[PDB]
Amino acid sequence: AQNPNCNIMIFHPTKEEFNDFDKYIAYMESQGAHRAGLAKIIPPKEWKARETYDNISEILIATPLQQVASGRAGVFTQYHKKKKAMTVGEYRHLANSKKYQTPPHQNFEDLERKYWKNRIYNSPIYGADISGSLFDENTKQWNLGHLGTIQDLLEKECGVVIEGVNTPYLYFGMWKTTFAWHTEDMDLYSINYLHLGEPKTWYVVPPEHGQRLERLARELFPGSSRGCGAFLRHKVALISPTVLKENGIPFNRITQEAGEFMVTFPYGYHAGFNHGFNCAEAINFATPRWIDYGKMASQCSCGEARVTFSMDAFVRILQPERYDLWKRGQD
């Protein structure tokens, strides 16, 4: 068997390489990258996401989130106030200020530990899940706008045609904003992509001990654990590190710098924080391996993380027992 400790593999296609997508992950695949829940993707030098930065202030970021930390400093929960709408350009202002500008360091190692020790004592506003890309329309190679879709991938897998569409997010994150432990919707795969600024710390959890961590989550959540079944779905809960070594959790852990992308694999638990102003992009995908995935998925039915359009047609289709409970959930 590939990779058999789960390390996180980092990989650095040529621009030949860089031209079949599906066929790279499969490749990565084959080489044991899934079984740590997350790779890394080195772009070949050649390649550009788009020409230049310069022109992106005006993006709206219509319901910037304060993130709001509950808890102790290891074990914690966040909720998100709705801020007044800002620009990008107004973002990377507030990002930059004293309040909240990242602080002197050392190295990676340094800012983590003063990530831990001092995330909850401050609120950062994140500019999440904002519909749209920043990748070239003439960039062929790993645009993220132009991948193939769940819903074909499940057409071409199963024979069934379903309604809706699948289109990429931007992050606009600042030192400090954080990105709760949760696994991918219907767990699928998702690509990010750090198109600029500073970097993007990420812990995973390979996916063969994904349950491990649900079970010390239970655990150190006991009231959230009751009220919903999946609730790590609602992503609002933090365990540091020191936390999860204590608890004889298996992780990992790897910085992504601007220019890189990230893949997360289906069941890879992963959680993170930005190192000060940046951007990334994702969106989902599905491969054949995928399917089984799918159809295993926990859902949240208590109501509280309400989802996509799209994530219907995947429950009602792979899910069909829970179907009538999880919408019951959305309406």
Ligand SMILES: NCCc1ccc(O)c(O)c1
The other form holds:
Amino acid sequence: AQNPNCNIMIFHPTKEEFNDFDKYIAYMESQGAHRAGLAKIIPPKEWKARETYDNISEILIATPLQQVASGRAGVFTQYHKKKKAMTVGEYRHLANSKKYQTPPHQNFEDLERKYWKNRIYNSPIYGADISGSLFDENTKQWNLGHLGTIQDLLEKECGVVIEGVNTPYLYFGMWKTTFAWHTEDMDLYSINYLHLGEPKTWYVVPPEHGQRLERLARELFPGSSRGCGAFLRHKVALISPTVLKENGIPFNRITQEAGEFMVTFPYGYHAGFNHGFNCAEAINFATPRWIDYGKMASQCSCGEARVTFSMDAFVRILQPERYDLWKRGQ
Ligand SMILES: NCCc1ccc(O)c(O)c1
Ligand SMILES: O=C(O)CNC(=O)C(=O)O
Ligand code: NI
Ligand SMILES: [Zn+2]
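Following the display of the form deposited without the named molecule, present the structure of the form solved in complex with the named molecule.
What follows is the whole complex; the chain from before opens it.
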């Protein structure tokens, strides 16, 4: 069995290998990459996402989110307070201001230490889930706006025709902006390209051990766990690497830099933070191997979790027993 220790693998495809997206995902899995829950893909040197990021300042962040924490340094939740709209230009200036800028630090490890020590005492502002793309339409390889759709995958695999679209989202981050522990909707894959700016650090639990993280989360957030059978779907819980180690949860970490792709695999729990001002683009996708994970995905029905339009059809077709109860909560 490939990659039995579930290490995060890093890939360096040639420009030839970078032509067929599906084929290369399949190749990575043949080498055991999915066992980690997360992989890094470094594009061939000949490739670029777009010519420049010169005039991105006029993009609007309609609903910036202030991420307010509660709890202790290693175990906390965050809630999102809506702020007034601002342009990416205004947001970048805010990120670089004395209140919000990255502190002096020696290296990634020093900065990681500072993050887990001090995150809860600040409330950084995130521009998340902004529908759009920064890939040039003429970029033919690994263009996250030109992927095959999950709806077409389901149709090809299972012969069912369904409504729905899926499109990419932009994320503008600053120092300490945080993504909570989660898997994707319907335990899909995700792919994330860091277009510009400072790094993003990721933590990930191997899919074969996801239930260990769920069990720990129930112990660490007991009220939340009583309110919902799948509260990690709410995407508000953080647990530090120190606390994960103390409780024997298997995980790995890696830092993504500008110009690099990350792929998360079905039921790979992940969390992380941004080092400073940056812009990433991400989208969910499916492969034939996803279908079984989609059928088994645990759902939030307390009503807290957000659901796009397109998730309806996934639940309706793959989880018809759950559909009625789930739809009551959307
Ligand atoms: N009960 C279904 C599985 C499960 C358990 C705990 C969680 O936090 C979660 O998101 C999902
Ligand atoms: O970049 C972020 O803030 C979060 N991204 C993801 O969880 C992802 O790409 O799957
Ligand atoms: Ni994700
Ligand atoms: Zn819920």
